[PDB]
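Enquirer: Each chain is listed here by its residues.
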Amino acid sequence: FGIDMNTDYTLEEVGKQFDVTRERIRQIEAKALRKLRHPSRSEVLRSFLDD
Amino acid sequence: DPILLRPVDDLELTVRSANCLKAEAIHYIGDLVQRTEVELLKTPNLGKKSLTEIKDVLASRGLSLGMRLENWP
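In order, the protein sequences belong to chains P and B.
Using the UniProt record's numbering, the letters of the first sequence map in sequence onto residues 563 to 613.
Using the UniProt record's numbering, the letters of the second sequence map in sequence onto residues 250 to 322.
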């Protein structure tokens, strides 16, 4: 997502970044978003939504 | 208490414990605390790690097993 960085990078680019195929990077991103969507860690951000 | 009618989803348990509680089918914790250690050890394919983790999370919110409740849910 480009947080605290310069131009964001594609799935392929980030995957080749450390050492992995794109699919594993996609899985990691999905796991991260599943965690963050989970409550407990998702209280302040939902407040920033104010929806 | 509102935290005991809270589905187990928010307990922050590992997927193995999720499968164990699906087998036991205890969605809310109010009737869970009423269950004793053996009643949780009757779960299919469950071991020490799952029970110690569930007890640790219960203690993280100041609760444990064997409690008593009235007119629940």
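Just so you know, the hints here were simulated from the structure itself, not pulled from any lab data.
Some hints could be false.
[What the hints assert, rightly or not] Straight line, CA to CA, 16 Å or less: simulated EDC-like cross-link-like pairs of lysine to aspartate or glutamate:
1. P:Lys597 <-> B:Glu261
2. P:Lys593 <-> B:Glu261
3. P:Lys597 <-> B:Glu288
4. B:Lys304 <-> B:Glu288
5. P:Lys593 <-> B:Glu288
[Unchecked claim] Far from chain B by the CB rule (all over 10 Å, computed), these chain P residues:
6. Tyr571
7. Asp581
8. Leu611
[Unchecked claim] Derived Cβ-Cβ restraints for the label pairs, each shown as a range:
9. B:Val287 <-> P:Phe580: 22 to 32 Å
10. P:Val576 <-> B:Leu290: 19 to 29 Å
11. B:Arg310 <-> P:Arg596: 15 to 25 Å
12. B:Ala274 <-> P:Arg588: 30 to 40 Å
Quick reminder that beta carbons are idealized off the backbone N, C-alpha and C, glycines included.
Enquirer: Taking the numbered hints from earlier one at a time, note which ones the structure violates and give those numbers from smallest to largest.
Expert: Result: hints 3, 5, 9 and 10 break, sorted rising.
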